[PDB]
Amino acid sequence: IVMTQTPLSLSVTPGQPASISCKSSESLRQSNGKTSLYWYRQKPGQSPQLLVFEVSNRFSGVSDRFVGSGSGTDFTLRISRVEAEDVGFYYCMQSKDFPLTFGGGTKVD
Amino acid sequence: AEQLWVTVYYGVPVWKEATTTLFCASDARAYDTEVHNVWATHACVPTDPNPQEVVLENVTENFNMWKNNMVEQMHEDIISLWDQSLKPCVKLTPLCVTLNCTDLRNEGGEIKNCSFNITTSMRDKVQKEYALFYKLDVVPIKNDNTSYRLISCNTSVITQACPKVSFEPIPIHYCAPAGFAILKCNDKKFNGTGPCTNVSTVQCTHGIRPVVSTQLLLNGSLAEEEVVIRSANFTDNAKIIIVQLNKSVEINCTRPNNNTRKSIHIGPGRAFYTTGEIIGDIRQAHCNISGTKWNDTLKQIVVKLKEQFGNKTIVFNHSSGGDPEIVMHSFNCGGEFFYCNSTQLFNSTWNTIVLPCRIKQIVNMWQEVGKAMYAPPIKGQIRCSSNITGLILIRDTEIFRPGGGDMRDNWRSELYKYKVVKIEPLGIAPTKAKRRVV
Amino acid sequence: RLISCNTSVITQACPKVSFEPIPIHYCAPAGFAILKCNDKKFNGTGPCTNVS
Amino acid sequence: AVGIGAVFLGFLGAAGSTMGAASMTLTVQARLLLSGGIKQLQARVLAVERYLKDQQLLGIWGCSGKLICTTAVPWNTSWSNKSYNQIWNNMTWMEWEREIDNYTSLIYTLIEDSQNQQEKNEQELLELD
Amino acid sequence: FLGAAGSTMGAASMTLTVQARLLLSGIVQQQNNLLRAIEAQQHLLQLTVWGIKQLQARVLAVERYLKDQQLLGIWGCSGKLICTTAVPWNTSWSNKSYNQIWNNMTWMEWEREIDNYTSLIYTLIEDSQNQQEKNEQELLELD
Amino acid sequence: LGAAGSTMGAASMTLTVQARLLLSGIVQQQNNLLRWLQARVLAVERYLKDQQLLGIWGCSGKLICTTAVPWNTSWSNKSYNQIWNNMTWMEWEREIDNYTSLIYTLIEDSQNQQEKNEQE
Amino acid sequence: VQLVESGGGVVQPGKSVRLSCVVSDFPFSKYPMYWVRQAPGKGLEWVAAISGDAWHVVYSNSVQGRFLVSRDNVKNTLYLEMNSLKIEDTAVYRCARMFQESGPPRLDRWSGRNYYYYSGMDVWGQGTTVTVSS
Ligand SMILES: *[C@@H]1O[C@H](CO[C@@H]2O[C@@H](C)[C@@H](O)[C@@H](O)[C@@H]2O)[C@@H](O[C@@H]2O[C@H](CO)[C@@H](O[C@@H]3O[C@H](CO[C@H]4O[C@H](CO)[C@@H](O)[C@H](O)[C@@H]4O)[C@@H](O)[C@H](O[C@H]4O[C@H](CO)[C@@H](O[C@@H]5O[C@H](CO)[C@@H](O)[C@H](O)[C@H]5NC(C)=O)[C@H](O)[C@@H]4O[C@@H]4O[C@H](CO)[C@@H](O[C@@H]5O[C@H](CO)[C@H](O)[C@H](O)[C@H]5O)[C@H](O)[C@H]4NC(C)=O)[C@@H]3O)[C@H](O)[C@H]2NC(C)=O)[C@H](O)[C@H]1NC(C)=O
Ligand SMILES: *[C@@H]1O[C@H](CO[C@@H]2O[C@@H](C)[C@@H](O)[C@@H](O)[C@@H]2O)[C@@H](O[C@@H]2O[C@H](CO)[C@@H](O[C@@H]3O[C@H](CO[C@H]4O[C@H](CO[C@@H]5O[C@H](CO)[C@@H](O[C@@H]6O[C@H](CO)[C@H](O)[C@H](O)[C@H]6O)[C@H](O)[C@H]5NC(C)=O)[C@@H](O)[C@H](O)[C@@H]4O)[C@@H](O)[C@H](O[C@H]4O[C@H](CO)[C@@H](O)[C@H](O)[C@@H]4O)[C@@H]3O)[C@H](O)[C@H]2NC(C)=O)[C@H](O)[C@H]1NC(C)=O
Ligand SMILES: *[C@@H]1O[C@H](CO)[C@@H](O[C@@H]2O[C@H](CO)[C@@H](O[C@@H]3O[C@H](CO[C@H]4O[C@H](CO)[C@@H](O)[C@H](O)[C@@H]4O)[C@@H](O)[C@H](O[C@H]4O[C@H](CO)[C@@H](O)[C@H](O)[C@@H]4O)[C@@H]3O)[C@H](O)[C@H]2NC(C)=O)[C@H](O)[C@H]1NC(C)=O
Ligand SMILES: *[C@@H]1O[C@H](CO)[C@@H](O[C@@H]2O[C@H](CO)[C@@H](O)[C@H](O)[C@H]2NC(C)=O)[C@H](O)[C@H]1NC(C)=O
Ligand SMILES: *[C@@H]1O[C@H](CO)[C@@H](O[C@@H]2O[C@H](CO)[C@@H](O)[C@H](O)[C@H]2NC(C)=O)[C@H](O)[C@H]1NC(C)=O
Ligand SMILES: *[C@@H]1O[C@H](CO)[C@@H](O[C@@H]2O[C@H](CO)[C@@H](O)[C@H](O)[C@H]2NC(C)=O)[C@H](O)[C@H]1NC(C)=O
Ligand SMILES: *[C@@H]1O[C@H](CO)[C@@H](O[C@@H]2O[C@H](CO)[C@@H](O)[C@H](O)[C@H]2NC(C)=O)[C@H](O)[C@H]1NC(C)=O
Ligand SMILES: *[C@@H]1O[C@H](CO[C@@H]2O[C@H](CO)[C@@H](O)[C@H](O)[C@H]2NC(C)=O)[C@@H](O)[C@H](O)[C@H]1NC(C)=O
Ligand SMILES: *[C@@H]1O[C@H](CO[C@@H]2O[C@@H](C)[C@@H](O)[C@@H](O)[C@@H]2O)[C@@H](O)[C@H](O)[C@H]1NC(C)=O
Ligand SMILES: *[C@@H]1O[C@H](CO[C@@H]2O[C@@H](C)[C@@H](O)[C@@H](O)[C@@H]2O)[C@@H](O)[C@H](O)[C@H]1NC(C)=O
Ligand SMILES: *[C@@H]1O[C@H](CO)[C@@H](O)[C@H](O)[C@H]1NC(C)=O
Ligand SMILES: *[C@@H]1O[C@H](CO)[C@@H](O)[C@H](O)[C@H]1NC(C)=O
Ligand SMILES: *[C@@H]1O[C@H](CO)[C@@H](O)[C@H](O)[C@H]1NC(C)=O
Ligand SMILES: *[C@@H]1O[C@H](CO)[C@@H](O)[C@H](O)[C@H]1NC(C)=O
Ligand SMILES: *[C@@H]1O[C@H](CO)[C@@H](O)[C@H](O)[C@H]1NC(C)=O
Ligand SMILES: *[C@@H]1O[C@H](CO)[C@@H](O)[C@H](O)[C@H]1NC(C)=O
Ligand SMILES: *[C@@H]1O[C@H](CO)[C@@H](O)[C@H](O)[C@H]1NC(C)=O
Ligand SMILES: *[C@@H]1O[C@H](CO)[C@@H](O)[C@H](O)[C@H]1NC(C)=O
Ligand SMILES: *[C@@H]1O[C@H](CO)[C@@H](O)[C@H](O)[C@H]1NC(C)=O
Ligand SMILES: *[C@@H]1O[C@H](CO)[C@@H](O)[C@H](O)[C@H]1NC(C)=O
Ligand SMILES: *[C@@H]1O[C@H](CO)[C@@H](O)[C@H](O)[C@H]1NC(C)=O
Ligand SMILES: *[C@@H]1O[C@H](CO)[C@@H](O)[C@H](O)[C@H]1NC(C)=O
Ligand SMILES: *[C@@H]1O[C@H](CO)[C@@H](O)[C@H](O)[C@H]1NC(C)=O
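Protein chains in written order, with my numbering: chain A, 1 to 109; chain B, 110 to 547; chain C, 548 to 599; chain D, 600 to 728; chain E, 729 to 871; chain F, 872 to 991; chain G, 992 to 1125.
Note that these hints are calculated values from the structure, not bench results.
C-beta: ideal position from N, C-alpha, C; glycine also.
A portion of the hints provided could be inaccurate.
[Unchecked claim] Computed cross-link-like contacts, DSSO-like style, restricted to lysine-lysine with a CA-CA straight-line distance of at most 30 Å:
| hint | chain 1 | residue 1 | chain 2 | residue 2 |
| --- | --- | --- | --- | --- |
| 1 | F | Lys-987 | E | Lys-824 |
| 2 | B | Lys-356 | B | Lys-176 |
| 3 | B | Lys-200 | B | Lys-371 |
| 4 | B | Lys-125 | E | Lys-795 |
[Claimed, not checked] Simulated restraints on C-beta separations:
| hint | chain 1 | residue 1 | chain 2 | residue 2 | range |
| --- | --- | --- | --- | --- | --- |
| 5 | F | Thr-878 | D | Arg-697 | 47 to 53 Å |
| 6 | B | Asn-397 | G | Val-1001 | 54 to 60 Å |
| 7 | A | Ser-31 | E | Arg-764 | 41 to 47 Å |
| 8 | D | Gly-636 | G | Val-992 | 52 to 58 Å |
| 9 | B | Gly-479 | D | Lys-681 | 56 to 62 Å |
| 10 | A | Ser-31 | B | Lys-125 | 30 to 36 Å |
Model the full structure from these sequences, guided by the hints.
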């Protein structure tokens, strides 16, 4: 399947909310009752770290201002009051079936 | 030689053909929270199946796409899903009132808004009104100057549908109950009847979106990279030509009129709606097809229309006969009904198109004569992209015209593979063994 | 005028009916069972100890 | 996000195979015969009422609870001109139950009243000693 | 009948000599009096909301009884209570030792131990034993 | 119902006919579904009551089976040929109807709950 | 926990090496693993996956048939062997654990076929780097 995203560059400063959406060609809803889309972040020069696993739940060591939602095709990750250390990339990763692909990784300065 | 004795076996894998009841097994996501999806009837059975499949590889079962019962059980159930949903909504008997209709400021169409006295639930005093009324639902009555009346008063009742519900055609998977195995042909050279090679066994059928359209079939399902066309006798003139083309043809149809909300008088706890105002400028709705691919398509069809007789005399012709509801192309689009003119689509051949669409409001039920549903739209414009994976033709230099009077034939194009057989698990056979007797 | 004309269909109840509460024992169907706790201090949402 | 191939067998998976290969497969057609807006309920009784009948006929024949069993009723060669090893190695079951379809009623009467009725009056009177 | 749900598996087999505490006997002493024909002394007087629900209640009393007899019926264990099989236990299913399963364990926790593996055991009884022994029995009648 | 007037040693030869036609009788309803089954479902439940009850009584499949339970003459002390070659079945049921459920626990326990403790 | 690799470096085309990812503390036979490939200045490419019982192996289409993966649940190791190396395989390899736990295979009743569930990743090893050049 194909799954890209937008916008590639968001060169910002801290103090404002924004959002990053990832757009799906094949719709995602597995028969377990959940939509296997995994949002996470790398830093430059680093192996990445999990932001949220599901579009609903979060991970340990995560600020509360990291909210995500979406339909089976629309998918959206929203960052309220974008923090100063939000540099690097943001990959949208799906887990429908194989080969499970990624997005390009939205750069945020 | 030896004496032989009969030996009982259980669970013997045999079958005969049977005709049993299948059951709806639909999607089960986003059925809650105002989704009164009339196809789903709030997610009829919430299965969301895992359609497994077992290949049998030594089995030949003589199929028939024409004497199949599964297509008959849809046309029972679909109007049966209408009939329970057509019941609790608002009846429109007390509205057949003589009118006074004048020309509307910005062709034959929406020109006439009207006015009539009515006293539905207060039952004390009548009151005139204003509405918005197209053509295809009014009649200039006799012995009066510009007075109108609805076309289907003196048929049966004219109950509308409620605005909570949605006619959104979500794909329905027909599963099989216990003791019945739905089978499916695994040859894509399957011409419609006769035997198959290595028939498999599925729990539950594939995606079937129960869309409703004449003269084409919109959100359908398409075969591999040859074009296959089937019919019953395929020599007889008054049969139906089922067309399955190997690629999709994308369609855009829009309603540019900014129709809005509205407030028409109340029945007994029953608010009735008649389409509110346009924003102030009228553009007539139209379908809008990429006419290159359509022109590309019909020469690809006579490649596979041909090989049953000679190598000569293929043509394409437009339809004919009767009132425009069976002439013009009919389909729905998101709680809204379209009658589009499709005469341009059928120029003959040899060895961006815009079509004038027409919209009515008082719409007959699909096969029964009598009652008739009704729905005024939601606010804003309407857009729905779609597909085409087939059309319906007739025979008549050998003339092909777009016929069609039954979407069971559409469901025959969807169910050209399946067959439901009951297990007769008990069986006997002889051998040399014998029960111990004392 | 009555209050709920334009609200909904006002429907009379038949006068030869009754209205008394009568205790309705919910029985589970066969093969099922209903568990019941017997802690006096039960919060409403915790665990229990004597489950009959 | 799942998926592996076949492991044991499928439903109706032996229905193109021979008898000698389908005879080790009977349980899968035995399990799923029962489990699987009123018109679901009218199906949920016919699926029961067919199961009891096939259960009942095994009960009368002294062959309840077993998947296979033998009797002492002799096979009659008038019923089948087929040779022995053609049956157990060449013919499938679906073909086989078109060939002995006519004789089936004669078979079922000639199991009960022939033997398993007779194997009780003989059985009850093996006492007194 | 759930009187030993806190007892241990090595001890609950002691009180299981009563017919699973007369398990099925509670059904026949129920359906003798569920089939009180006051339902036929009324013809329910109508079709009511309760009789819709009773109809959907008796079906589950029918079906889920059969799914437990059929599986006991196919396993060569029809009508008994404690039967052994021919299937070897695989240690990959549970690496618990012997006494911990019996002497030092409940039942419902042991369900969640092998609720994953349960379905594999179902096929590995039939196609390993009860499909299998019937052919080998029939060979021993060929002679 | 033919041997309803026979003695108890004589009516035992018609036990097979009574058992077969308990279930569905001859099949009525000749597929005429053209144009509302509680009575159909009860008849199965009457049938499955007894087969399970013969399953607990160690006596599935059979029609006549023995036991290890001796008789208790406080039920009825009427001796052997006083009834057997003298009385039908309707009258023998009208001698044991008060004691019916008392017989059923004793057959359950001392014949199969007993013989479960002989398996080993 | 601790999650690194070994055996990285630089080789020629046509060569063959095998890395070695080693886990630290979690029960390794319980979980499946993965392989991912971040090209320098590009996004990420999925490579491979093993089941928890080392029975199910799914490869990417581009590296199909060339590579090799394996497990050793006793030694708690994780191998990515590679064959028929090309220059465009020069990137960063990373060893990575599934986020959720996985169960045993499922065996649907209606067809005798097991099912190994596969979901995504949480713990990326920092990973080695292989370069294919002259
Ligand atoms: C039967 O099968 C089912 C599945 O199949 C089901 O049934 C079939 C029939 C089918 O129908 C199928 O469809 C069904 O689904 C099996 O169920 C599975 O059970 C397992 C449990 O055994 C579940 O795994 C857990 O899942 C959670 C998340 O799941 C949530 O959501 C699901 C659904 O949404 C819920 O069901 C579930 O309950 C949860 O709510 C997962 O997060 C868990 O992993 C964490 O916990 C364990 C336990 O600690 C960690 O393991 C430890 O790891 C360390 C590190 O190496 C080792 O040292 C330890 O030895 C090891 N073990 C133990 C016992 O401790 C695991 O690593 C992870 O730990 C967290 O790790 C992160 C990252 O390191 C860490 O975060 C860090 O935090 C710090 C501080 O904040 C820093 O910030 C770091 O930077 C940061 O990274 C975090 O703190 C760690 N937390 C803890 C507590 O350690 C757990 O695996 C599984 O979800 C469930 N379902 C499925 C589908 O698989 C069932 O098991 C089968 N039955 C049997 C008997 O096998
Ligand atoms: C108790 O249960 C156990 C587990 O049950 C399992 O889980 C249950 C939940 C349920 O799902 C069960 O169905 C399931 O089995 C039972 O254990 C099973 O036993 C069977 C035996 O009947 C096992 O079957 C064997 O499978 C082997 C593996 O087949 C796979 O791999 C083949 C290729 O093998 C691969 O080769 C490459 C070569 O490079 C290896 O890579 C190397 O790996 C190194 C180590 O990591 C190193 O890293 C190197 O760098 C690297 O190159 C790779 O590791 C290797 N794969 C594996 C898994 O090792 C494929 O061709 C094949 O398609 C499949 O993908 C077979 O080799 C083996 O055949 C051999 O053995 C036969 C008998 O021993 C012999 O006759 C043959 O001639 C042949 O030599 C078997 O087919 C099965 O794997 C076991 N399960 C598990 C999970 O391991 C157990 O049986 C049961 N108890 C009882 C009493 O029954
Ligand atoms: C053949 O198949 C195609 C696709 O497979 C179908 O095309 C889709 O049809 C549906 C049904 O009309 C379309 O759904 C409608 O979309 C409208 C546009 O919404 C946009 O804005 C929201 C804002 O958040 C976005 O989330 C969304 O993704 C869109 O970008 C909606 O406005 C419609 O909702 C209306 O109905 C609800 C019902 O209560 C009201 O409450 C709302 O207020 C609103 O008025 C509706 O959901 C869908 O967009 C189509 N996809 C396209 C065009 O690409 C074809 O319909 C199908 N063929 C046929 C003949 O049906
Ligand atoms: C609706 O009601 C209006 C008045 O409320 C009717 O108008 C009257 O019509 C009669 C005859 O048609 C005339 O004699 C009156 O002069 C009209 N009164 C006016 C115009 O104020 C009107 O006819 C009704 N329309 C119907 C019944 O269709
Ligand atoms: C005959 O059987 C084969 C398999 O035995 C069928 O091949 C399958 O075709 C479907 C259609 O896309 C694939 O999804 C499957 O993967 C194929 N099976 C395998 C094992 O790869 C084939 O379609 C059948 N029919 C004919 C006419 O050959
Ligand atoms: C549908 O379209 C066709 C052609 O696009 C229309 O047919 C002709 O339209 C022209 C344009 O005004 C008329 O002059 C002709 O009289 C029409 N008929 C013929 C036979 O040429 C047709 O009118 C449109 N509408 C319907 C309802 O079919
Ligand atoms: C389907 O039919 C084929 C033959 O038409 C069966 O293949 C035979 O299988 C046996 C079992 O090992 C072999 O001894 C034979 O040699 C095979 N035949 C040939 C021609 O090679 C196959 O087994 C059948 N399918 C099933 C499920 O039984
Ligand atoms: C758990 O509950 C049981 C219930 O015992 C009953 O208590 C009521 C109190 O009014 C009494 O009237 C009944 O006769 C008792 N017996 C029966 C058979 O109903 C207690 O006996 C336990 O002690 C409770 N457990 C704890 C830990 O309190
Ligand atoms: C309903 O009645 C119609 C007759 O109505 C009158 O005649 C037509 C020509 C118009 O002038 C109309 O306004 C008049 O009131 C019939 O034509 C029609 O067939 C009838 N419909 C039925 C019986 O279904
Ligand atoms: C079993 O009972 C335990 C108490 O005794 C313990 O038993 C053995 C097996 C050792 O673990 C030892 O530590 C003790 O003597 C409980 O701790 C345990 O939770 C119980 N349940 C189990 C093991 O499932
Ligand atoms: C319709 O209404 C207009 C309003 O000006 C009036 O002049 C006309 O006479 C009316 N016609 C009829 C037939 O009622
Ligand atoms: C209808 O009204 C118009 C204008 O009011 C008039 O010209 C015409 O003659 C009228 N027709 C009749 C009365 O039939
Ligand atoms: C389909 O092919 C079979 C092959 O023999 C033939 O018998 C049948 O008539 C064909 N049907 C059509 C509609 O061509
Ligand atoms: C098809 O063509 C005509 C019309 O039915 C008829 O004469 C011919 O026999 C038909 N062939 C069939 C039914 O096979
Ligand atoms: C329908 O609209 C979509 C959206 O731009 C377009 O890609 C497609 O080509 C259109 N099809 C036509 C105009 O036939
Ligand atoms: C099937 O589609 C391909 C392109 O996808 C086309 O080349 C071919 O002509 C089509 N088949 C027919 C019969 O037109
Ligand atoms: C096609 O058919 C129409 C009637 O459906 C007819 O008027 C027209 O002349 C025909 N055209 C050709 C080229 O046969
Ligand atoms: C419809 O087609 C016309 C001409 O082909 C074009 O001008 C218009 O933009 C199209 N509209 C849509 C919605 O496709
Ligand atoms: C409609 O056709 C386009 C053409 O590529 C295709 O991508 C799309 O999937 C089709 N729509 C559906 C619902 O399959
Ligand atoms: C009741 O008690 C339990 C602990 O026994 C506690 O976890 C729970 O939160 C309590 N209930 C409420 C509503 O706080
Ligand atoms: C019924 O009565 C007659 C004469 O009284 C007797 O001969 C006959 O045998 C009786 N029936 C039975 C079954 O004993
Ligand atoms: C059964 O016999 C016992 C003696 O073993 C006696 O005490 C008892 O009263 C008898 N049963 C009845 C119901 O009288
Ligand atoms: C059978 O009982 C009847 C009842 O009165 C009696 O007349 C008859 O003598 C009895 N016969 C025998 C053989 O005991």
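Each hint, compared with the structure:
1. F:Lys-987 to E:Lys-824: 28 Å, holds
2. B:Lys-356 to B:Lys-176: 28 Å, holds
3. B:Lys-200 to B:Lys-371: Answer holds: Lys-200 (chain B) to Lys-371 (chain B) is near 18 Å, not above 30 Å.
4. B:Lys-125 to E:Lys-795: 25 Å, holds
5. F:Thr-878 to D:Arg-697: 47 to 53 Å: Since the Cβ atoms of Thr-878 (chain F) and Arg-697 (chain D) sit about 49 Å apart, the hinted range of 47 to 53 Å holds.
6. B:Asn-397 to G:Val-1001: 54 to 60 Å: 57 Å, holds
7. A:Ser-31 to E:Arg-764: 41 to 47 Å: Because 44 Å falls inside the window, the suggested range holds.
8. D:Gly-636 to G:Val-992: 52 to 58 Å: Distance hint for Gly-636 (chain D), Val-992 (chain G) holds at roughly 55 Å.
9. B:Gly-479 to D:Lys-681: 56 to 62 Å: 59 Å, holds
10. A:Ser-31 to B:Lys-125: 30 to 36 Å: Hint holds: Cβ distance 33 Å, inside 30 to 36 Å.
Consistency note: the structure conflicts with none of the earlier hints.
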